[PDB]
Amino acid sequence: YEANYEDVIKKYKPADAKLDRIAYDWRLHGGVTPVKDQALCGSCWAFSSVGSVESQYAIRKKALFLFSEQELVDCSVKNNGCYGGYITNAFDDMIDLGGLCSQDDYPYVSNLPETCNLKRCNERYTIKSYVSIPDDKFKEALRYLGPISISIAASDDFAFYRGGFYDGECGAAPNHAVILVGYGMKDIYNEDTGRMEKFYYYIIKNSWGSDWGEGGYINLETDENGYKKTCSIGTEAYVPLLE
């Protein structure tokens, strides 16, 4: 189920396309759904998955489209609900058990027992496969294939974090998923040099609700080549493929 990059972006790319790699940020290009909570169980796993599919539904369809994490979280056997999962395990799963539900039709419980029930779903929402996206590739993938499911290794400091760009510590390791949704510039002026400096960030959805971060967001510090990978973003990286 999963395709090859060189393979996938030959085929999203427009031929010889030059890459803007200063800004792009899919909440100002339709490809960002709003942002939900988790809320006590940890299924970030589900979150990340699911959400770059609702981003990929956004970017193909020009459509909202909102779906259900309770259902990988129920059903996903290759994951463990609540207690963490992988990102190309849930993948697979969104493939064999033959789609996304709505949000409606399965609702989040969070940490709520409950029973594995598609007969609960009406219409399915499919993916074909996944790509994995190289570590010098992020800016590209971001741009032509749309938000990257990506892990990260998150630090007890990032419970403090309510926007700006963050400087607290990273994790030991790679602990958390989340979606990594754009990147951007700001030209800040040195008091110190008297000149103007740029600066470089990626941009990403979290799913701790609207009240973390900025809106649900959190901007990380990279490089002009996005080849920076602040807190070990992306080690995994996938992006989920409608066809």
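Positions refer to the first chain, counted from 1. What we label the rigid core is the largest C-alpha set whose atoms superpose within 1.5 Å from one form to the other. What changes on going to the form deposited in another entry:
Of the residues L40, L28, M196, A63, exactly one exceeds or equals a 2 Å C-alpha shift between the two forms once the rigid core is aligned, and that residue is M196.
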Second form
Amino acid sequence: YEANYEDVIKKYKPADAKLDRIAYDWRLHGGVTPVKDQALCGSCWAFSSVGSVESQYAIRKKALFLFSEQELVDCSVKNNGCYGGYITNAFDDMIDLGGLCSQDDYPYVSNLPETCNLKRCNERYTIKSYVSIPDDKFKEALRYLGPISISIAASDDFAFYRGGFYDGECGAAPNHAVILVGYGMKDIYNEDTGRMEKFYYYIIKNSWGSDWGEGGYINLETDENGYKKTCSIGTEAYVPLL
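Structure of the form deposited in another entry (previous: the form deposited in one PDB entry):
Nothing else is written out below except the one chain.
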């Protein structure tokens, strides 16, 4: 079910398109659905992967599609429900299970044990494949493909982040799954330099509710090319395709 980026970007980027590397934000272009809250459950892998599919349907279909993380939690045998999972495993099971359910047909119950029951789903929403995004290609992928389901190495500082300029530690190993929804640049005073410097960042959608960070989001530092990774973002990185 995996395609190669090399082939996919040829299809999605227009022939004569020039990438703007300074700023692009899918929140301004109808590509981002409301932030969700995983409550007390390690289902980040489901929120990341399903949210990336929500975004792809918004972009490609220009309408609001809200899907069920609970269905993956209950039915994705390749993953471990609230005990954790993988981005690739999740997309594989989206395909093999016959698609996602709407959020209203299959509502979220977090750590409450629930049997898998797809007979509760009326309509089903499939993806065709998914594509791994190379670490030197995040801005291009984000601009032409859409938001990216990414791993992140989250710390306690990240857990307790309530907005403002992030100065926290990163985790050792990737331990969380979030979504990249854009990039930007602002002028920020640089204390090791003693003046205003360009500060490039990726915009990350988390799944800990809109009371975490900045409306559920965080800006993490990158560079103009967008190769620099803060907290190991996108070590695993995939966009779902219709």
